[PDB]
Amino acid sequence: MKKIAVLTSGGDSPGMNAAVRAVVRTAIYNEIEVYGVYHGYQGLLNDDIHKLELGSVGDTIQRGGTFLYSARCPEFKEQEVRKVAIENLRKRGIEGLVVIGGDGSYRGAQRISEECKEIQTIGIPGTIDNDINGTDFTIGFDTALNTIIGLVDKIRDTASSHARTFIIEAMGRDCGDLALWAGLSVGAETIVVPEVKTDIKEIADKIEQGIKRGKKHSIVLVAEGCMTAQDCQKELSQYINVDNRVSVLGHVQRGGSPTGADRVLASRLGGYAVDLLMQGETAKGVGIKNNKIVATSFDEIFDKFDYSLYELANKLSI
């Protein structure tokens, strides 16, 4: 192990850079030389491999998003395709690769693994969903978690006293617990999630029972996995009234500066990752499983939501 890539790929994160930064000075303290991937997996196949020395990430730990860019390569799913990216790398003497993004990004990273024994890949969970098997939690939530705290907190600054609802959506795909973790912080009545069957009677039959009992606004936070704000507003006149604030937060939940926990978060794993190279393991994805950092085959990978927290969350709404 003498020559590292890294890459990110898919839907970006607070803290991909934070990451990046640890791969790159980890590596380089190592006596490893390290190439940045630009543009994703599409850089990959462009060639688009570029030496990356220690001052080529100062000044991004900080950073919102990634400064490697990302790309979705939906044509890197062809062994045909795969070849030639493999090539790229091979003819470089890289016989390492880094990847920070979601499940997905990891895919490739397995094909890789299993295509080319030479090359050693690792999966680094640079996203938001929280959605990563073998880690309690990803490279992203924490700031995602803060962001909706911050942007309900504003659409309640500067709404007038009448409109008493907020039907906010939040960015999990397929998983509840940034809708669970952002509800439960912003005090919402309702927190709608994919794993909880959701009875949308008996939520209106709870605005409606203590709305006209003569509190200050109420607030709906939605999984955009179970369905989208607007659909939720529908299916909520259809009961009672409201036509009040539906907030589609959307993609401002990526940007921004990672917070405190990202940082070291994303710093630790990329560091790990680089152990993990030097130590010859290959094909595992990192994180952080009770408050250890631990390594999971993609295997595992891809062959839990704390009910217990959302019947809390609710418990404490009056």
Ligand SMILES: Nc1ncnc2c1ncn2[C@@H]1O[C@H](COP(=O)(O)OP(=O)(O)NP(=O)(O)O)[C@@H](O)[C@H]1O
Contents of the next structure:
2 protein chains.
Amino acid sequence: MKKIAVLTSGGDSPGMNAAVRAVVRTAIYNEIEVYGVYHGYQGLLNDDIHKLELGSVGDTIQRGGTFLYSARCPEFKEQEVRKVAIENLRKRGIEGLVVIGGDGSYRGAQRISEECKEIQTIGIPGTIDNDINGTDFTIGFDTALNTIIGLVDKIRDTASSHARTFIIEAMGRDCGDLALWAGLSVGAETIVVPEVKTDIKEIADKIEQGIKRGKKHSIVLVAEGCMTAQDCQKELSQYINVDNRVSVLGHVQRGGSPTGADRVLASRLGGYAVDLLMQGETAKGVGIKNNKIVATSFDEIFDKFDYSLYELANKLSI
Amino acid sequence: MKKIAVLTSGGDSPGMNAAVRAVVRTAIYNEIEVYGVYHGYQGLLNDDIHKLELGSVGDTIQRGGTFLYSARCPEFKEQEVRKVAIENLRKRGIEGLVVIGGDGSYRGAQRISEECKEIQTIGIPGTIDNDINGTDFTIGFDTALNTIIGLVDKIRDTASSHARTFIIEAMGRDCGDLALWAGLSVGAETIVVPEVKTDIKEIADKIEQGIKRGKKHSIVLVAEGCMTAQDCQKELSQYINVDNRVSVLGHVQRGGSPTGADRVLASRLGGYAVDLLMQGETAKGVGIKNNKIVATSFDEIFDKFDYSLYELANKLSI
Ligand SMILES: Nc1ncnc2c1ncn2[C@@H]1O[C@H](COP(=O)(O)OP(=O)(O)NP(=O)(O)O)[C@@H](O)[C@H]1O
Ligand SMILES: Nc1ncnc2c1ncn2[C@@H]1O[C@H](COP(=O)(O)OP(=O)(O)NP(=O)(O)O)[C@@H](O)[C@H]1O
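Please supply the coordinates for the form solved in complex with the named molecule, as a counterpart to the form deposited without the named molecule shown previously.
Now the complete complex, all chains and molecules, led by this one.
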């Protein structure tokens, strides 16, 4: 393991920079040359590979997004195209490749191990979802959660007092963890998530039942996987008279400085990824499982929901 | 278990309110009457006990500190004094008492179980320290960590550019976790903690060795357990010419809105505490051990340091 490349792919999440920083610093410290791949897997095809120094990642740990960029490269689903990406690494004597992204970007990394015995591949879970296997939390999740806390606190403060209701759309993809954790933290009366059978009657039953009993504003937190905020406002107007503040949080949830948890967590995994490449291991995602740093094969990853925590959220509301 | 009292003791930490909120809501939901004890154990002697309703804890989850207050009651170390506190609960038909504080406040709770078979006692780890046994993190730690991130980022931004060095004092008590996690997150070149043998020569060796090699500012993060910030500035002037920004963070670290992690973590433990009182258990601290909610006897608690994570911090700096 004498040369390592690293790349960022998929949705950008807070701590991607810290993770890169960790990989670069760890590698150079172990006398490995490191190459920054720009623009996700698009970069990989464009031969947008550049050698990185210790200074390349100064003043980054606190930075939102990724300083190598990210892309969608839907063409990376093809053997023939991926051939051109492996050559670009092959020709340059790169033996290890580190991928920081979601479960989609992992699949790309799994392929490269399958289609090139010469390149070791490791995955680092840079995503907001908490959707990734073999890790309890992903790098981005804790930051997003607070971003939602904050923006909710701001909708509250910038609102008319006539507003009884806050139908708030939170980002995950197919995973209701964000909305459950965010819902709990802003003390939301309803939480709508793809994992629990959603009773709109019951939710309107509740809003009518406790506001009009003297509640300032109820807030409903909604997982994008489950439905849109406007959908929830539509479906709730089917029982009850409410249209008060359909706030569609969106891509702001992806931005902002990583919180402490993500910087630390990113750094540990960024390091670990480098250790495992030197150990000669491959085709694994790294993570934190039961407060323990671990590696899980891309096999096991592609072959979570705490209903307890959800029930508690509802105990705490009424 | 028909009546529960709850109290906050010791240093106030972010999420104490969320924890109370959780206890109150959970108890009432299970048709238990709940009593708010004001001013820590001082309240307990003053008979500052008041019945709480669901509304008593509205608009609190996001609030810093505790709305029942906290006190130092050094007199609570005495059998005779504690007699008067047990009567005050005894006379009122209170069968369970919930204590939210540090390991000091736990000891008080352990006593009451030992000196009253009639009152079940549970402890919830509301403290910044991360000093408490049977829990990986305490309620307050994640919030504090970001408070340090933020205030450091502000010292940076509000500083002259002539300043090469930032000797920053972080709060823990006898535990260097905060300074290690904070140190890592602001990318600090030195981290001074009570657990590792501190080489001041080596630290000045490093500042001289890399600033004067073109580094804007080095930051040194210092655990209060280990030494004062001024002590570190003094001891460093014994090798090298530096006195640039001895910022003594202090009690601001205790304040501020809890982050997401602490609200959630507080809520889970606040609930769990109530469950365990109904289950008939006693003299335990609750917590989260290897991503699992657990209870540990006050016995085991009074009978952590990741040197790996510390080593990584130093790999990532130079
Ligand atoms: N199933 C797949 N097979 C091969 N390559 C893939 C696959 N899925 C994704 N990729 C490649 O990796 C990129 C990742 O896209 P995407 O699935 O949006 O990222 P993600 O890593 O899941 N992040 P997020 O969108 O936050 O979940 C795609 O643009 C492709 O370039
Ligand atoms: N060893 C003890 N025995 C009996 N009572 C105690 C003991 N230590 C503390 N107390 C009581 O509990 C309070 C807690 O004080 P302290 O040790 O400051 O709190 P803590 O819970 O450790 N929080 P922190 O200061 O953040 O660590 C004291 O003021 C006493 O009222």
